[PDB]
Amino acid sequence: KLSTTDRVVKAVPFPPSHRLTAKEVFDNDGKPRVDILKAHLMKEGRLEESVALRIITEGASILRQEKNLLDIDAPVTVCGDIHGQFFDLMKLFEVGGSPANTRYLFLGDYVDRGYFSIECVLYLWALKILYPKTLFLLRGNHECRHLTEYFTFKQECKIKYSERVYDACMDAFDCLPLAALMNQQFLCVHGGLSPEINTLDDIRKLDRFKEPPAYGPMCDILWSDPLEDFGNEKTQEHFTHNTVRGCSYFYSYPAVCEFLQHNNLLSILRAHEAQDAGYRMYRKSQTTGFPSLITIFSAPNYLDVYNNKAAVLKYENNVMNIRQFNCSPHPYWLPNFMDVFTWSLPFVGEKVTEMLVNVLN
């Protein structure tokens, strides 16, 4: 007979009950110890609420002081969607270079879909505090109250921490910049262009400190996608209704080219869409021979079903090297952070009923 009290699979690491305090996370100079934080979060360890709130608020204050359109220089590693895949985020930093000597730019979508979203926020916000001038974070369409409540990030914060941590993340997501001008060559956004954004100054005049509205320029920055037949100019309309997203627009190849020529830009770097190879390059511009649009997806094995590779753009020495990497193992979670009792109880009542009605028939 197997022990009814002892853990059956003893060698499986048990998540620690110790919650990191302020002295364990922040040193005497106020710099967060990302190595202590990394090892603790990888063990599914949690922080004290006041410590987690301090990381979120101090990171939000740094983001609030930044402009809507960031001015980022090369070299830099550009990263796509993360979607709460914390253990894949650790491989990303191994693959793209240490943030202590490598410039970083994330295109948003740090939460939802994955079940380690708060760990991604806490670790990236801590790196933002530790490297405020070399690590940069943009806003995605998921860094909002509506999508985090429709998906599992709202529930995740209620399970692992509290709703005060969720509300602090929502105010922190309001401070995230919307775009980045990288090396005066590339426009870096999460989704894409907008019919109401024709110059880079149209981004500078936006009010980003709010929940993303259902329509408008700020909405299109986070939600717009390229046409499904991007490059094969069959739809002359530059912006058409995005029926896949239910909002924003599809933008065509002439739409991107008109923006790149008018603003003297080489390409547009965005994410928002999953790719099997971790990236996708679209039709090159006629004058440059460089892809006019590049999608980056940094979530390998998306939803643990796609079996897709991930990639980051490592731009250095006038070379944009696409760096692919595979997924990493992570502890298991039931969908929507459901416990085993809520999961199995309907099956218990079903099977016990099926047994008893057959023995009493």
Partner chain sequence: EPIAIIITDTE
Second form
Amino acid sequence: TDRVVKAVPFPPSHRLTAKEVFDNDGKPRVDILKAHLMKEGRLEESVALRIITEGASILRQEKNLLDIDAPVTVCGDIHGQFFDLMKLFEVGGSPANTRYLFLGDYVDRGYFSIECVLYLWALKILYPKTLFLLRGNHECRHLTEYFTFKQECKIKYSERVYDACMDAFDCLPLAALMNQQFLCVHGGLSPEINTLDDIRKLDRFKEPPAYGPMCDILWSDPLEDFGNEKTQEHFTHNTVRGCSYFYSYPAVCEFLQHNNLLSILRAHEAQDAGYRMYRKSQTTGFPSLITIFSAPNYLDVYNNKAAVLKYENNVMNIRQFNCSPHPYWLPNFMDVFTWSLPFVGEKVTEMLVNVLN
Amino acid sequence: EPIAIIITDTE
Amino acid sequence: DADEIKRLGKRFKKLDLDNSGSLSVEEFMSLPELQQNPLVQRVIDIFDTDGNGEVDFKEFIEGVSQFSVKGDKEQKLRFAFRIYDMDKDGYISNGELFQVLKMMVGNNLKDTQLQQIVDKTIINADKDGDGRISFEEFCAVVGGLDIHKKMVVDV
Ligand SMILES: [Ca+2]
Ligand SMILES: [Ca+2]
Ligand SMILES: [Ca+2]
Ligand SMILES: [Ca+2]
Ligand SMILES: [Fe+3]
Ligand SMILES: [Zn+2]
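Same protein, different form: I have the form deposited without its partner chain, so give me the form deposited with its partner chain bound.
To see the whole picture, the full complex is given below, headed by that same chain.
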């Protein structure tokens, strides 16, 4: 054909069918899915729907607060960076033999959010007892409508795929207790959550509210000066996020000793190194809080490393990795006609005006 | 019993 | 048009520097307001119905009459399609769409980036699976843009 840049591979136009994706035992073929999605292939829409809703029925049966054994690989934000998610699985271990816990923010910002969701939901269907997914602040209607996810679904699939995702996101658990030692959440603590029972009591099956404990678990952050406070305030309103709170070092230590925990493992803030360890608890000598962030070269500009945490009896191995190549997309998943046509219109008309004048 | 942290790159 | 042709005739003779009876690319490029317009070479090629490289008077008339106020939506969409269909066969191919976009974007995209977004636009718009874009497929994609409204000249 007359295709100019031959070296560039061409996405497949064939859309994967139900028999290609699911074998006759009901198990997704994740290898086949991985290869197709890496090529910017699509599923038939009914097949994407089946993955989304079958994942959601597994999520719906899980508790608000998950009980997760060591060893486990704990991952922070992904934000639609599907090609880095492929590398993450190499760094962290095969889901076939590694327990995983993801801490939310699978979608928005990166242009491959639906591929991340289809892949992780497929993995959840295949490994229901060893792969765990928490809710992040982006996994809701309000943010995906303002950021890119709703538009991504409209252009790649349809709004039914979007609506099914929104129902699936409502079923995501809010928190995990890992190795009976760590509380894992996307954002952090609430002035209304003093015990683990306070998490178990929540009704999670809804759009996150604008305030309250569910909001706080997904949205709160440590103080900028966490550990080095001169504000004896445990929870101060989070003016950067516009909701929820900043929590202080004494707030965290209070929660930890009250509940006999070692640390809070959370995500939600980008880190140059892919992780950050905060001030040690004096009772234990271990960081009171750790942020993990798993999106390398975030937004294609931060130039950060990503990391995951591989926790195993008596050792926290933090494993860093760098970004991988990914395909180009115009803003808002615009096609080249929509992008260029107004300019074409004005430039032809302008030519003729100058010729006729 | 203070657990150890080991940080390595993969890349 | 009777006197509209006569007025176009005036501007035509003024543009035809070497009085050949036809307008060369060089003769359009003599107007300084066109020198930085990356679509001039596409418009000339479209007006140049016989492919000889120059615009004769009949070619000039019929080209300019595509931009009248009376012209309906479909007619303007046709002209816009012709912009992309370099070989005039009725189908916008991957290579054509790349080359025409390249004229407009310049150095703002790498070749690999431009090729990737060309491929994706074609896959999304290609209802009949031939890897090319027909006029019907084109209208389905750009239908809601109202660009016909902004393709008018008082002749
Ligand atoms: Ca001449
Ligand atoms: Ca000619
Ligand atoms: Ca053609
Ligand atoms: Ca076609
Ligand atoms: Fe995030
Ligand atoms: Zn977040």
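The term rigid core refers to the most C-alpha atoms you can superpose between the two forms while keeping them within 1.5 Å. Positions refer to the first chain, counted from 1.
Align on the rigid core first; then say whether the Cα of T21 has moved by at least 2 Å between the two forms.
-> No.
Did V340 shift 2 Å or more between the two forms, C-alpha, core superposed | Yes, its C-alpha moves 2 Å or more.
Per-residue CA shift, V352 (Å; core superposed between the two forms) | So the C-alpha of this residue moves 5.9 Å.
Core-fitted comparison between the two forms - CA shift at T148, Å = A shift of 0.2 Å.
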